[PDB]
Amino acid sequence: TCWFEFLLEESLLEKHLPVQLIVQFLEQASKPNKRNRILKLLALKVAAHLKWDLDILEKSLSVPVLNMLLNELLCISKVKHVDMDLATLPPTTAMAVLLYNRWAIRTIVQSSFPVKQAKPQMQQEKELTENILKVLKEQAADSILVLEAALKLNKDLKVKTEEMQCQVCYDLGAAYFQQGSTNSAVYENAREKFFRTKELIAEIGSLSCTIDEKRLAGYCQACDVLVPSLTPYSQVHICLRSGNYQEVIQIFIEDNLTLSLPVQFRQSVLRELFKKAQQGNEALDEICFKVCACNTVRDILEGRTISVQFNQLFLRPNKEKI
Amino acid sequence: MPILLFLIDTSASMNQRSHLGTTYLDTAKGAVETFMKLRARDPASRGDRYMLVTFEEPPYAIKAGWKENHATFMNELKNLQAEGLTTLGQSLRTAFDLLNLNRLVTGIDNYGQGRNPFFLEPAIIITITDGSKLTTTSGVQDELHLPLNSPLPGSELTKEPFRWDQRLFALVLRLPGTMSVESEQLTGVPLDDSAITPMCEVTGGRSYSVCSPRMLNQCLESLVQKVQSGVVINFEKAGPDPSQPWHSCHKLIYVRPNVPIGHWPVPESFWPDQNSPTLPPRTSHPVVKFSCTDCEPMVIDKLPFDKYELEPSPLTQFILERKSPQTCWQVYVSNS
Amino acid sequence: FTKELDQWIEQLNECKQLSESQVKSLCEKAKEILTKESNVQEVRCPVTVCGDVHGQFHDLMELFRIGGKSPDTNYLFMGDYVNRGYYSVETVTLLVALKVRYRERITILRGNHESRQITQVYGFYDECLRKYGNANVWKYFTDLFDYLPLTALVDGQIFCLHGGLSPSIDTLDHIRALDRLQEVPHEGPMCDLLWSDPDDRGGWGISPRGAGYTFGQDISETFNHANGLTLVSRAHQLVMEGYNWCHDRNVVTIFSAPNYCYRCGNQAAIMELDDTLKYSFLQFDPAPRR
Amino acid sequence: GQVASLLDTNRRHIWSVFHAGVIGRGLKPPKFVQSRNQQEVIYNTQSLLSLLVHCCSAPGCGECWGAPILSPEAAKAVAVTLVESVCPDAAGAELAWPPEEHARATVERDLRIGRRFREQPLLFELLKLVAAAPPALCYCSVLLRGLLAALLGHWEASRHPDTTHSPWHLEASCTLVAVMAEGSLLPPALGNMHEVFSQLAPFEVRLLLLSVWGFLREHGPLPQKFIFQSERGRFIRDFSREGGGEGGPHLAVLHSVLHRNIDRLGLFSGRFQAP
Amino acid sequence: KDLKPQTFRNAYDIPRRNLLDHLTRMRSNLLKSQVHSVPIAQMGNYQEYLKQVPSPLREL
Amino acid sequence: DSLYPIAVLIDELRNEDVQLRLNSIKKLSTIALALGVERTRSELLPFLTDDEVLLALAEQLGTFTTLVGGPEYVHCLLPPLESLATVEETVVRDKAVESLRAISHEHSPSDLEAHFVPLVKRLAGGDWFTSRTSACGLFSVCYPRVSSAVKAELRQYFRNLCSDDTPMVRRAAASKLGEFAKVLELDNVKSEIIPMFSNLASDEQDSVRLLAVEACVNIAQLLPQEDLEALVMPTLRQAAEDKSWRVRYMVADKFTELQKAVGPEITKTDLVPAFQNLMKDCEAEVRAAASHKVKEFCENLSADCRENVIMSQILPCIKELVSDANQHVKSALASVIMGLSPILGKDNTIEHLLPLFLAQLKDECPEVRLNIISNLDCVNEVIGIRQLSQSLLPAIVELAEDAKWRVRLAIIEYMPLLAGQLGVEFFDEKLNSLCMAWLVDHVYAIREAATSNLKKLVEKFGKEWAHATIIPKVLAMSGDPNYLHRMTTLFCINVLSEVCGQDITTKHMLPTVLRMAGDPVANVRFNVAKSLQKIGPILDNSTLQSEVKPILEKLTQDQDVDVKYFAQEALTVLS
Ligand SMILES: [Mn+2]
Ligand SMILES: [Mn+2]
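Residue numbers (PDB author numbering), protein chains in the order written: chain A, 22 to 38, 47 to 61, 75 to 121, 126 to 166, 176 to 211, 241 to 292, 295 to 315, 323 to 415; chain B, 1 to 242, 258 to 273, 278 to 355; chain C, 6 to 295; chain D, 707 to 709, 726 to 735, 745 to 791, 795 to 1009; chain E, 534 to 566, 578 to 604; chain F, 8 to 57, 63 to 587.
Don't take every hint at face value.
[What the hints assert, rightly or not] Straight-line C-alpha distance at most 25 Å; calculated PhoX-like pairs for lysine-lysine:
1. 162/A to 29/C
2. 144/C to 101/A
3. 374/F to 136/C
4. 565/E to 576/F
5. 374/F to 74/C
6. 136/C to 165/A
7. 8/C to 546/F
8. 255/F to 60/A
9. 36/C to 101/A
10. 34/F to 36/A
11. 144/C to 181/A
12. 34/C to 162/A
13. 144/C to 34/F
14. 519/F to 74/C
15. 165/A to 74/C
16. 78/B to 534/E
17. 210/A to 120/A
18. 759/D to 369/A
19. 565/E to 416/F
20. 8/C to 165/A
21. 165/A to 36/C
22. 369/A to 810/D
23. 368/A to 762/D
24. 576/F to 8/C
25. 416/F to 595/E
26. 292/F to 60/A
27. 414/A to 959/D
28. 74/C to 34/F
29. 8/C to 101/A
30. 36/C to 576/F
[Said to hold, decoys possible] Derived Cβ-Cβ restraints for the label pairs, each shown as a range:
31. 585/F to 253/C: 28 to 38 Å
32. 151/B to 838/D: 47 to 57 Å
33. 76/A to 50/F: 49 to 59 Å
34. 585/F to 838/D: 39 to 49 Å
35. 838/D to 76/A: 53 to 63 Å
36. 401/F to 548/E: 39 to 49 Å
37. 842/D to 412/A: 36 to 46 Å
38. 61/A to 14/F: 11 to 21 Å
39. 223/C to 23/F: 48 to 58 Å
Calculated from the structure, these hints are not laboratory results.
Every residue, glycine too, gets a C-beta built ideally from N, C-alpha and C.
Throw the hints in and build the complete structure from the sequences for me.
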């Protein structure tokens, strides 16, 4: 159970029947040729023993060790990715290439994710991860094109054709959702890919591969409001976008009975209605008073303080107001 | 062996918080211990006398003087309380008296018999203070005036409270309440602008105006570099150029021992006569005047002569800029 | 679990160290227990406030014979559980086991020797390597040490603490707002909390240890009156008499390692607080060893 | 807002006393806990704030639904008395915001401000009254920055996996972002992050409040940023003319937080759109 | 500051709050049946305390 | 080149971190399993022949029996362990020596003389002293299996090693000389070892003479009874008054079996001048070492002449050993002096040892008092309670209020001894104020010992004496404001329920335990639960479900976790 023992025998890996073995082999192989090739082959063998599940390898192995492992996987297969087109390539090299592009696009999505900072070798590894991330920033569009081509080329160990397509279009949708912050037009492609993977996951019904169902549901919920092309929350958002403010008032009056909407959401829409009314649109004063009255009534029914805007709106009481 | 006399400000304005959260008196005490650590890094400080004078009343002002060991000096440095007034002039007078009371009983001064640079007791006074106004329980002063009310016997022979081998250095604490962002603090330390600055400059020392702990450490390193054994000589330009700053300087010459050895005195500012009953008062720094005209160094064999190295100064920079070691600039005191 | 904890405690009473998986299941449960505790942990009287043990395990057994067994006697240890005692691993394991098994009958605070660097330098890391071969147990214990509460407060009056006060700390709300889940820094309020000492002096000062500050009577009086405290218990310094009052009985320094370093010859003591804060000191000699 | 010894001593006692003394003056009294009715607190607050609104409004149909404009000078007076009551020292009284590294320099002052806000819930209502007049919340910049730094320090040390274990700190962060958005010190996209604060772990909400600090560093709560729209008589903050006023780099952290927690924050993505 | 309360020698130095406890402590002291306020720098006297203490035997 | 284990994988881990080096050395068994049994001894051992790394290497090579192939090829381990035996560092040296000693078991006598004895040839004749010290430590195991013709060579080489000019070779020879003599033939011992033993006993270095004396008892044991006075006893006489204090301390430490080795008739005539000299030496260490073995030397003498050798020499020296200047000597004597009384006899103990006992019981050193109290049972057995109560009882009453708690602990532990032979009235008027005052002591161990002592007192002097004396004093601790006095009275409940019967327990002890279950300190409350569990089976079963169970449920509904846990434990055990 060490780095030296596994290199000795050519059959003890079957007797072991692992990610720690992955990081140990790739650390020993990268330390400053037959032994390096043997250790790399052993690392690829135990990586294939996990059936190439990118989630476990992504959470266990760090960025540069996993990059080295997939670079070795591409090195033994074929050895530029955009022009390969995955048509005449062997299925093993094709799935390796799309797997590498899946991992690359997954890491460029995941690098944007916030993480807890450590309070107080490691710096060199951080520099290596930064260099790898910058390199894949330089080659993100090529990986996106390769993944799209692999989604289009559903020609054919060997796994189900839809499942690999489902995973690669799920990663494509995650990429487009990550890109959509800068440009809102990319959210259309994100919604298309997310509808595609939702339809594929509903069609196959096989666990096998494995995707986060809750994350997919949240992605679909986000795409249903970012690019709508139901719930009272989305009804309020839709009627805000369309300007049907009377329906917003009616939904808020009905919500005062049920207390389903967030209080802070209603405060935010009241604030943005006041912001819209203070610029122009002099008819919005009536809407602002109505939604402020509904919010004040809900604040009373939940035992909270009367807002300043309500007292501002009864400085001049009227028959209509009362 | 040198004397390190610390004139700690114990006025109540020293109870001012910095951004460090400690008072100016705490910074003063810590500056003293860090100075003593940096001095103990130098292995030539195996014999070194530390003295402590505060701003309190003259019964209580001298906290550690002669024949006080290290333990008493530390135990009294820790126990300082900043509950007084900013009586800087009286405290400076008491510090100079504590430095100079032994001079007439052991005859270092050599009055009327020439000024011997090898007759020295090298001391520096490091006063740690703030930029607050000087107070004498009747108002502010806004100018430093050392009182002459109870003179030590023989004080009229030198006409200035400080002596030949004494230099006053001010470590003026100006740490603000809130930390100030500055990248130019790595440059040279500015001279302070308080009333202690001219009195530091007239004794051949200088005032340090700190504004951060790193500036404080830089000033303490510079102060450790300035603990030397020598006497301060006022150099003046006699004739024309061969006003530029090299004309006048209260520079320091170095007196290296082997006890120092020497043969010739710096001559007095008067001509001695037996008719005069009273010895004339001489300036504490002998005003020498160098001749800018080039001359030739005149040394014969087996000759007792004393060579004193000047400390780096604008005068030495001016002399070394005119690169000519084969010549020399004759020097003399006036009215001798 | 509880039976397993009791078995581990009665095993550790006779200096048998735990296994690696036992250290796993103990430290990762002490992490869960110590997470809920605040930086200023409210200790209720009665409690027996103890000083530095410093890895002297047989002296800790003597301490338990003097003051009583846990959980019968409530204990409050002010850090320094390790580092140049001959059995630091067994000592820290036993006290962590007592913390896990009886969460309300013992409060263990962080000291200045529960940093990664200090245990690396002063022989706790070497003791873990000698007693276990690998080095995972040492970093397991330091990860536990990151979770230890910084201070303790008995009845809102006695402010138990390993080190002393800080120039940057004026209130207990500052201590409660400190991010204690970190390695002990070289400077700052947490370092001053773990490293400072009192002195007979007129204010603040730089400690001779190179970390933390040193403070006089006026600082202790200002901290006590500004926070409604009557006493500041302390343990970071060595006392030949076991306990020593300072600053007109505002700060008491309690050392609980008799014959410190196995050479100092000190005669340590513990402070027993009654039901109504009627304090008592129990000085004790180093235990005989055969 | 929040808030005969010797006789029985001898009766209790080669018969020396066990203890060596007494620590202080015995045990402390068992706290000073009290309870007031929440409803009467609400309506006393309503009486005080209605009186303040009557004082602050400009006297003198302007539509049947309009409201009189709260005077920015009256709310400025409320702002300066708030600042002097809560944080009287005002060593950082300059309105522009310091770097985030200045938060550790003023921990004691900022914790005093946070404790004062926790003890007196009326302070939040007074900030809401101040924020109704747009330029006046600029003069509470010291209070907002101090409360924000206290909340940031709390979310530093929060070891809970979620945010609901700190109820006051959660609602104080939400109310703080809501007041700064209401006073138009924040753009509407960045001013909406308080709605998702309940669904986040402490380090995401800490990063979001740090992004709020970064925006207020780059833009600053300054009264000269507010242009008096004489058509309606209200000062207006136009974030578009400032340049990057819609949170150019500051919305990236918010979008990354939404992306990371998309399984829970998916339905909230409509509140943080670019338009 | 240098009050030096001679409470065992002067009865006027005893506060009323601890008159009974100090009374029974004086009674125990006089019959057959302050200290540990060493000024900090001397409470950790490594060399001084062992010098007054007797020396042990030496090793084999 | 790269996949070769010994050539590549072992070599490349030698440049790693030192902990990785230790791990790679410890994992040598897998590398041995990788190569063939021929390949291992052909490649790895020549590589291994060419400080924790070396310690782990020698430890691995010690248990390298089956990896080389077996007993037929274990002789290949001789060159690498020879290489580590020459290393300057010493724990590596004796680790390699003990590894050689361990692997010597698997050899054959023909293989022993073929390979293992040439190692002794090389190491004894090595130019470095390290090899010679290893050879001196190595001689023990080769002797029993080899023939006599090479046994003589081994003896000659041992003699030559003991005559080395460097001192530490002689030191390592003398330290291992006892193990060598324990197996070497007794006819050849007098021929070879004892003259060279005399020479190394007359060495010019005290360090050599230390180990010379260290092996003297074994030489006297192995040598027969008829020749001790002329072969080993002159050496003991010479070492008795040797100049150094270290060697004399070594002489004093070994009398307790030197006397048994040299036969009692020789002891009673020859050792007692040396023993009396070691009583009265001018220095503390040998005085304390010799005063440790006073009782052991006295009790191992002839029966007819035991009294005279004590009275003539030992006890007169004891008279100033009690009043010795150094308290370490007094504490050394005090642990063994007081057991001399069964040897000495009652009729002469009173006038001699009793003033010595009283002098040692008042010594300022607490170690002396602690050592002298702990052996009171012998004097109580051999003298009687009347004379003990006349002489030692005021003294032990005096130091039962000692500052040091271990002295009081010994006094408490020996109170049942006094209670055995004393009447109830005398014990009441003399020995219960302290017995009750121990319960309010400042030390938990003292209170626990007193609590356990109360059971021994009650079970002898009766339930009526318990109720008359102990029960009111224990009940006084119930209302005491201090918390640990309340836990002390519940521990008294725990130890008194079992010895106060059923009715007395259930009508006195029970109402207090139920009363104090509402105490505001949780440490009292879970102790109430534990005490109700413990005294449950002892008390009257009619009151159990009537009274104990409601208050146990009440304690189970408490706020503290520990109180709930101990209350539910009491409920489950009580059932
Ligand atoms: Mn310590
Ligand atoms: Mn410490």
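Results for each hint:
no.: 1; hint: 162/A to 29/C; verdict: holds, 24 Å
no.: 2; hint: 144/C to 101/A; verdict: holds, 22 Å
no.: 3; hint: 374/F to 136/C; verdict: violated, 44 Å
no.: 4; hint: 565/E to 576/F; verdict: violated, 47 Å
no.: 5; hint: 374/F to 74/C; verdict: violated, 32 Å
no.: 6; hint: 136/C to 165/A; verdict: violated, 30 Å
no.: 7; hint: 8/C to 546/F; verdict: holds, 19 Å
no.: 8; hint: 255/F to 60/A; verdict: violated, 63 Å
no.: 9; hint: 36/C to 101/A; verdict: holds, 23 Å
no.: 10; hint: 34/F to 36/A; verdict: holds, 19 Å
no.: 11; hint: 144/C to 181/A; verdict: holds, 22 Å
no.: 12; hint: 34/C to 162/A; verdict: holds, 22 Å
no.: 13; hint: 144/C to 34/F; verdict: holds, 24 Å
no.: 14; hint: 519/F to 74/C; verdict: violated, 30 Å
no.: 15; hint: 165/A to 74/C; verdict: violated, 37 Å
no.: 16; hint: 78/B to 534/E; verdict: holds, 17 Å
no.: 17; hint: 210/A to 120/A; verdict: holds, 19 Å
no.: 18; hint: 759/D to 369/A; verdict: violated, 57 Å
no.: 19; hint: 565/E to 416/F; verdict: holds, 18 Å
no.: 20; hint: 8/C to 165/A; verdict: violated, 37 Å
no.: 21; hint: 165/A to 36/C; verdict: holds, 17 Å
no.: 22; hint: 369/A to 810/D; verdict: holds, 24 Å
no.: 23; hint: 368/A to 762/D; verdict: violated, 47 Å
no.: 24; hint: 576/F to 8/C; verdict: holds, 16 Å
no.: 25; hint: 416/F to 595/E; verdict: holds, 22 Å
no.: 26; hint: 292/F to 60/A; verdict: violated, 71 Å
no.: 27; hint: 414/A to 959/D; verdict: violated, 34 Å
no.: 28; hint: 74/C to 34/F; verdict: violated, 44 Å
no.: 29; hint: 8/C to 101/A; verdict: violated, 36 Å
no.: 30; hint: 36/C to 576/F; verdict: holds, 23 Å
no.: 31; hint: 585/F to 253/C: 28 to 38 Å; verdict: violated, 52 Å
no.: 32; hint: 151/B to 838/D: 47 to 57 Å; verdict: holds, 55 Å
no.: 33; hint: 76/A to 50/F: 49 to 59 Å; verdict: violated, 18 Å
no.: 34; hint: 585/F to 838/D: 39 to 49 Å; verdict: violated, 56 Å
no.: 35; hint: 838/D to 76/A: 53 to 63 Å; verdict: holds, 55 Å
no.: 36; hint: 401/F to 548/E: 39 to 49 Å; verdict: holds, 47 Å
no.: 37; hint: 842/D to 412/A: 36 to 46 Å; verdict: violated, 54 Å
no.: 38; hint: 61/A to 14/F: 11 to 21 Å; verdict: holds, 20 Å
no.: 39; hint: 223/C to 23/F: 48 to 58 Å; verdict: holds, 56 Å
Checked against the numbered hints above, the structure breaks hints 3, 4, 5, 6, 8, 14, 15, 18, 20, 23, 26, 27, 28, 29, 31, 33, 34 and 37 and satisfies the rest.
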